[PDB]
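Below, in structure tokens: the form deposited without the ligand, a single chain.
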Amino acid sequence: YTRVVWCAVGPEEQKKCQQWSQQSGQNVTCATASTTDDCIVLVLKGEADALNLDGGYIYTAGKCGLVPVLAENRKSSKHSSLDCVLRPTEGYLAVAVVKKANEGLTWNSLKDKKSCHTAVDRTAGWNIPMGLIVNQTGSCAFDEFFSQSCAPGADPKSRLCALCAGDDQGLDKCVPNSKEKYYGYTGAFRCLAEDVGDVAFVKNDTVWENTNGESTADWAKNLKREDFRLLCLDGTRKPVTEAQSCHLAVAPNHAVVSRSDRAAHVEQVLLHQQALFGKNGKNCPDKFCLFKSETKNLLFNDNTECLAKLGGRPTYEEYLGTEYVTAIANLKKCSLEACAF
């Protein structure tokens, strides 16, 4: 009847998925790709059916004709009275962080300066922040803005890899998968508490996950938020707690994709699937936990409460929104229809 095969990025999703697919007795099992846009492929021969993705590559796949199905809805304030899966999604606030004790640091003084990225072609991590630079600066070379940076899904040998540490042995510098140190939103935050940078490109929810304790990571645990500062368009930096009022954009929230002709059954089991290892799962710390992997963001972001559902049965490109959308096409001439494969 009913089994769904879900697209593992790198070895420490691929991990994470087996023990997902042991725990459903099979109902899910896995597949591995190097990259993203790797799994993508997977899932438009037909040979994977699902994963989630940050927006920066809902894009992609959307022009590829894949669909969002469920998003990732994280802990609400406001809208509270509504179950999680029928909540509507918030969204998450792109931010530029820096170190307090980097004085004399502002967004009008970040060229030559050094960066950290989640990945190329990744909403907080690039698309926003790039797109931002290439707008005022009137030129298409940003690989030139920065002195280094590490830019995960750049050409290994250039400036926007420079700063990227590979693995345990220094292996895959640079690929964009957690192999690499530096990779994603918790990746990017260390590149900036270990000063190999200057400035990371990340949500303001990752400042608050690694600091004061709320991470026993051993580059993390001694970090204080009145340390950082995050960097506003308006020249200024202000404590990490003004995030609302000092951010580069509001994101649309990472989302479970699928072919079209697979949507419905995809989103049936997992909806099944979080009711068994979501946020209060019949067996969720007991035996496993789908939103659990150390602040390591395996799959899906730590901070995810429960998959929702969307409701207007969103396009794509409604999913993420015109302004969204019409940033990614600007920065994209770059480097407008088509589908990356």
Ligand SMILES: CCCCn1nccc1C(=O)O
The other form holds:
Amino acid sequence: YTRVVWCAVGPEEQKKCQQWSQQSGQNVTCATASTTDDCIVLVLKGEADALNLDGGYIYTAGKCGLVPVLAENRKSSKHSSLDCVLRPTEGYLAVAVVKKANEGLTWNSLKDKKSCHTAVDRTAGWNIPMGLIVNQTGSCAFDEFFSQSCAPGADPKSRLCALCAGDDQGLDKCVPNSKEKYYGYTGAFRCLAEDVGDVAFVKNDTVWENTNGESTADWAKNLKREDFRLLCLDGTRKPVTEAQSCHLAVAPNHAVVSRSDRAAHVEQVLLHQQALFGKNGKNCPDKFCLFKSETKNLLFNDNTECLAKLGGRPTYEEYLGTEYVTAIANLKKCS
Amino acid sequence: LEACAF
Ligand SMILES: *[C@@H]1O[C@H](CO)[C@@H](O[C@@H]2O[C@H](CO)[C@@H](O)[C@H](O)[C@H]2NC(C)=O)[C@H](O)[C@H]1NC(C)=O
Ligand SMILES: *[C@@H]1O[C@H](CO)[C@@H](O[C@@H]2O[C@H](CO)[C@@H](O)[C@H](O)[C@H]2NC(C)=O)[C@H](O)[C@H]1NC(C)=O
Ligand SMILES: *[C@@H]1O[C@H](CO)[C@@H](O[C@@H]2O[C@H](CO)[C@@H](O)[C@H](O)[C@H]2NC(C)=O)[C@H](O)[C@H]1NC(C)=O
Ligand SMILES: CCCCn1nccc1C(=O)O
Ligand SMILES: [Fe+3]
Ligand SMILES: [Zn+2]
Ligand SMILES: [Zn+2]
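Next up, can you give the form deposited with the ligand bound of this protein, since the form deposited without the ligand came first?
Starting with the chain above, the whole complex follows.
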């Protein structure tokens, strides 16, 4: 049989992959690139097999011919008697988060404020809020809307990267990988927690997972949920308990993609790997846990319960949904 | 809306 070559984005994901590889007896091995788009190109070249992707990146990958294989499934809100691998996915809630103490601020007063995004091209961090903003403003100049932002993957000299902070050395300011302090869900929430920005575009789970002692990380360990508010599109502000009535969109879950001719094999191997190292896996926490990374969401989100099988052998557009695809395509006309 | 970015 053949080995599965995973693609790690940046050096923190590489280290985790290398641990997985050792534990897997080289059933999985590792390629690494500096950005998600570069890992997508390694897969298109056949130099890696697969990686797990946010839906905005699935859009890129799917325009290039890669296909969805298995999706992240977090814990369901409702009792289900189905095994995790067979439970339908629920989608996550993209939200706009602000500090409660920043009292004037609503969706309708974002212009000229400071923003924190997960990365350019990602769902909650970029496609949904900027797609909404370009539409409501009637303008493609999304790069001149906020006074300053951290939007990993934008031009590092531009206002969209001005709040980014890079690594322990200021190296790699604004790169779209975990070496940027403000990258991803937890990075963009930290940018708001620290008052670097006025608003963060993340998902509902990020706010709960990084407050009220749910994270022991230094920057998060003392944050309280009640000190944050969600911006609803009708101009109101709500406590973070009200995400089901105050969100920007429901996003498709992150999912693994591969080339079509490797998808079946990638799927079989991941199903076995999560049986060893997944949540309650045979050898997690003893040896290695595929869905943990000290809150840093490396390779997978730390809140992944399993990777689940997809219904209907979906194309990428069927997985993302026609509404979302159409929103992305509308926004990409601006660039 | 049609081609690969790379
Ligand atoms: C590495 O992958 C191989 C192949 O899938 C696994 O070896 C198999 O183990 C299964 C399940 O225990 C058995 O059905 C077979 O006898 C083995 N198949 C072959 C082709 O040798 C192996 O268990 C995997 N190891 C790890 C650590 O993931
Ligand atoms: C917002 O996200 C949080 C975190 O994922 C959700 O709260 C969790 O929901 C699960 C499943 O119901 C509970 O068993 C967990 O204990 C909750 N976690 C925490 C830290 O409180 C919350 O349900 C989501 N809100 C909406 C509207 O979807
Ligand atoms: C931004 O506006 C565009 C243009 O209206 C939206 O695109 C429409 O979306 C609806 C719902 O899926 C479709 O019925 C229309 O046919 C789409 N119109 C066009 C011209 O393509 C897009 O959804 C909006 N973006 C966001 C994020 O809401
Ligand atoms: C559940 C979030 C909605 C997005 N979505 N629309 C159609 C299919 C899907 C999903 O498969 O990820
Ligand atoms: Fe996402
Ligand atoms: Zn909704
Ligand atoms: Zn289909």
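Numbering follows the first chain given and starts at 1. In this text, the rigid core denotes the largest set of C-alpha atoms whose superposition between the two forms falls within 1.5 Å.
In the core-aligned comparison between the two forms, the C-alpha of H79 is the only one from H79, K111, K224, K157 that shifts by 2 Å or more.
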